[PDB]
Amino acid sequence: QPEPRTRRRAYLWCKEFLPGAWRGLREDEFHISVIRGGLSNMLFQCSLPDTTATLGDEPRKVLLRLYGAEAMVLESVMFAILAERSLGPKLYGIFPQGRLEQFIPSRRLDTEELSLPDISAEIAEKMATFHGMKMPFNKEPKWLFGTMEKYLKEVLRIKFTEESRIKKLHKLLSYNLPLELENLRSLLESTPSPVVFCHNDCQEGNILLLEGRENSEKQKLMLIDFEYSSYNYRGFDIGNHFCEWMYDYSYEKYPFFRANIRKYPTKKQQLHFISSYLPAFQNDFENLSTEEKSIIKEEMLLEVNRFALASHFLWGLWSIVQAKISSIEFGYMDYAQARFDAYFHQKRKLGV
């Protein structure tokens, strides 16, 4: 149900980028609905009249994405490659204000569904698959600390007015974040983790349950929303996803999420995850001595659980930045504290 400005532009983009019955479509026969509002990444559904016949390949329906409010070449290139490789939505139109993507009938996963075994198992293969991909991007694992550093620096020089924000900020600064960041760096630099191509934001909202596939056991999911992807420590991608088991963002009152540290996957669950990931990420694995299979798994658990620490720290720092620059209704500061609570609680669990 868009506003007159968009939808007219939406109409123009579709008629000009989409082949088939689109190219002759009149404005008056153009259907567009909202999927998400806001000011950053607005989403719309666009479609032909149901009375209108497609001529060929062209889709009956597409997703319009407006970038809203030159790393945008990397994002664009990346998205086009995953499309060609069928890992992502097909790409029908790229232009300065946004893109036109394949519409994929689906819903997103809920937080509690992440712990379902088949779900978890598939997510593990998908992420594996994702990791084996060559991408024309810088292969140096600089993203994780480069990004945390960047946020830290921002964080240190931001000043709130509103009282409750000024308080929450000082308590977080109590921890001495620069010292802690460095503590975390040395801890992780001593933690071997293969640099690969990482989703980096693999949470339930960015995983699709594909329609008509809810019976297929290993084949009903697609990972989307690749905006944070980059070559990174594998441990981060897996640990960050483990961390997401703990957070529910569908909560309808301020601060608009629930943290539950008891929901972090158990040892048995993590093993169930990486037991799908591992054979999906390398060849000979399936038939290594059952004795050495364990050694890798046990080491992989220390790895992901350590890097899950970076997930807490990164997104905690990120969250604080969002509290200053974002207008979206979300308790970013409360969510900041939550991630640092988990950070230190997770610390005490690992004896590190």
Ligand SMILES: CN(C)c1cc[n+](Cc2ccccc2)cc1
Given for the second form:
Number of protein chains: 2
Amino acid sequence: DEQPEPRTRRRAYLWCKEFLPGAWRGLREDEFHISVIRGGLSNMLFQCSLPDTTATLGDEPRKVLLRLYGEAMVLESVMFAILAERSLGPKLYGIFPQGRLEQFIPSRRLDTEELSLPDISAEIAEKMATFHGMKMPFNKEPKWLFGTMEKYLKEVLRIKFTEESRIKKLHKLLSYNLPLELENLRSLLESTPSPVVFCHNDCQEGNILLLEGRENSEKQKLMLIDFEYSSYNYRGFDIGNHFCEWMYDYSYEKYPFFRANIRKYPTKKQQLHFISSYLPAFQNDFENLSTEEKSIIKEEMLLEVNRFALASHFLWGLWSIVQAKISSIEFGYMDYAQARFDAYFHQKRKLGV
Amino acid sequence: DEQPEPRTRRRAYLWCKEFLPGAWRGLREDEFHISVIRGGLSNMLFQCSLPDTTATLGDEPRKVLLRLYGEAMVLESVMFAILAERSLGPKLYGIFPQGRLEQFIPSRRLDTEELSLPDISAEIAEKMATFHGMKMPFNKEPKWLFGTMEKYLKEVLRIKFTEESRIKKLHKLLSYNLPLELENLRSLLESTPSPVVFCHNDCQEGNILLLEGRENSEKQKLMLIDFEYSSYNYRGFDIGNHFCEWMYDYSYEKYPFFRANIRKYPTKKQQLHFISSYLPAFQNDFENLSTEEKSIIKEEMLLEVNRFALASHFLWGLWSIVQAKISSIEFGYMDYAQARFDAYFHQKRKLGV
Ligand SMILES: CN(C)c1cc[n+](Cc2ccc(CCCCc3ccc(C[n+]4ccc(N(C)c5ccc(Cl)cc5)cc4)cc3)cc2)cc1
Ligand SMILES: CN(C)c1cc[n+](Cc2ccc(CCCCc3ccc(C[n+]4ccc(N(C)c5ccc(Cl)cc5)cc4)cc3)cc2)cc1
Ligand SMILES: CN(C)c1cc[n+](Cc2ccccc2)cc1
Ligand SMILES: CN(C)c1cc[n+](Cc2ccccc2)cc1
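Right, the form solved without the ligand is done; let's see the coordinates for the form deposited with the ligand bound.
And the full complex, kicking off with our chain again.
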């Protein structure tokens, strides 16, 4: 049990005491329990709980998660509150300028290897389809994807690195002519139909909870979390981006702190399994269509998601170059950027585009 | 049909086109309809609609309300979104830095005289009880009431008026010794039990919709709106404050632009009718209690709400003095302050406290 700094213990006690009902309201400071889940400079996480010897008075939680930040603020808070109301995310117990109190969900995150398990993959698809089907009070013009890529590309072309290895690696990445490549990708995707839906935009193992005590259950053992990058976007991006994440393991404990394997991208068989679960969850009379109409829809979706996978590589590659310059957290960002652009051209070669 | 300024028409068209689905997404500027509901400097309201000749494609609204503002921002937006999810307020279609798009609810506001109609009063009580019963992710310590009164009192004692009539009226209002009176009220209310619940804090005719087409229905013909001043607070304040509003008509078309009548405060008979509807809506097996246990609960509530009514007068009286100094909107603020403090001492005399 890693203990927080004294100032954080006191602040956490006050937020719990004032925002949570029942036994919390009368809790003494010397009875308050708190431990660090993740520290750092931003998005710090703590578990806060009542003493085992304190009974609950009503329906109040015995344990909660405190998230510290360390208008995007408004949109994020409204999104979280709405997903909570709809039973699609952890409940929201308290909101304040410095952070929030959320329902504690006993669980662990998935590992990269688990993404390919057929039952896990089927559930991710069903969960993503459920999120895609819902209405949210946000801008419905799908400007996010190329808007973000253009903004990031402009930043990348203004970066002045001082460190030798980053200078060299940047020269190589820019040698591809990224403006031209971006507008060729824009052209390709302009001609690729894909419905605009509420997308997670970051569906990978770190953002998927395996619910404790349900590990052996057939269905409903996962929860998608961490929707902070969500927006209306092309459905093909959310699915394609997820598929790309099959290739990257971020648990590697030595530099560059990730492993990449092109061979771990889902095979067409595995892609079909995923979309066969997605479709009936997104369009509820889907199974009643003829085997042949279902087959055509699946074929057209395979093309769509694999083209949109190219934008996942391009977007994350640009993001990673910017991180190499601006981040305060250690990671092989330039090497990761190169891995994404290698995958981009590999995928392009395979697609013949 | 009062038309908005050209800049507002264009901004409204863009927000509707980008935030609303279906036929909105492809709407041409020359087909956009908008009219002013209320103008001003802040909280401006517009009705926006599709042409009568444009069919809806799905479930999109044909008409919406645009609210312009002209962190409190975060709390207000989360509250509105949650009440919408729970079917307790207008739906939320879009949120952006300058305002929001809300469901249009065909209706009119109630008039002051309508507050005393037995069926109307019964429904207000049931509606207030429903709001009081719910959980919200906001601070549960009831610091709002006296916190706001202390803050406002400090401001009032620093006001330097230049206009003769305001100087004279202020001297009279301060002659009561407001610090002493406030702390005597604090003492009285400290000894008056009242559960802390999610309160509207402004339940009067201007914030209650009479739903069009339900005017002749027995029940469910109202909607409480405009929760921007809501907070956890003593239940007695929300009820007592509502009762005080029976006395004030803000529709008077000459200076001071309100009428006050002490005789229009609900009689004990009328108060009992209100609380007899509130109680079974707030505690759902209430009717199964003995006639005698119900009677005692009602008696104790009558005492509670009438004591808390004193804080409604004191709070609004202070608010009104501050408005006389800072407001950009014409109203008899000093005369209204005097009316609230007259009612305060009148109520004190009747209560013998
Ligand atoms: C490298 N990569 C994908 C990883 C690496 C590692 N991990 C697990 C892990 C391992 C080690 C660390 C310590 C190093 C910190 C790296 C890091 C900090 C912050 C984020 C948040 N983030 C989410 C979505 C996002 N999008 C959707 C986006 C928006 C705009 C563009 Cl342009 C592109 C993309 C942008 C940013 C992610 C990773 C942290 C976490 C998961 C994924
Ligand atoms: C005078 N009175 C009650 C009225 C007068 C008139 N109307 C209808 C009406 C008629 C004419 C006008 C034009 C003049 C504008 C007066 C005005 C501007 C803004 C508000 C909003 N407001 C809501 C709750 C609130 N609380 C809960 C609060 C918080 C902190 C303290 Cl300290 C005290 C109290 C504080 C402020 C209300 C009235 C507008 C509206 C209803 C009620
Ligand atoms: C030029 N300076 C001070 C820095 C430049 C880049 N970083 C981020 C970083 C750190 C370790 C590995 C990868 C990226 C930190 C400081
Ligand atoms: C000293 N000055 C410029 C002002 C002082 C007070 N107000 C508000 C007001 C206006 C009309 C009636 C009541 C209150 C506006 C200007």
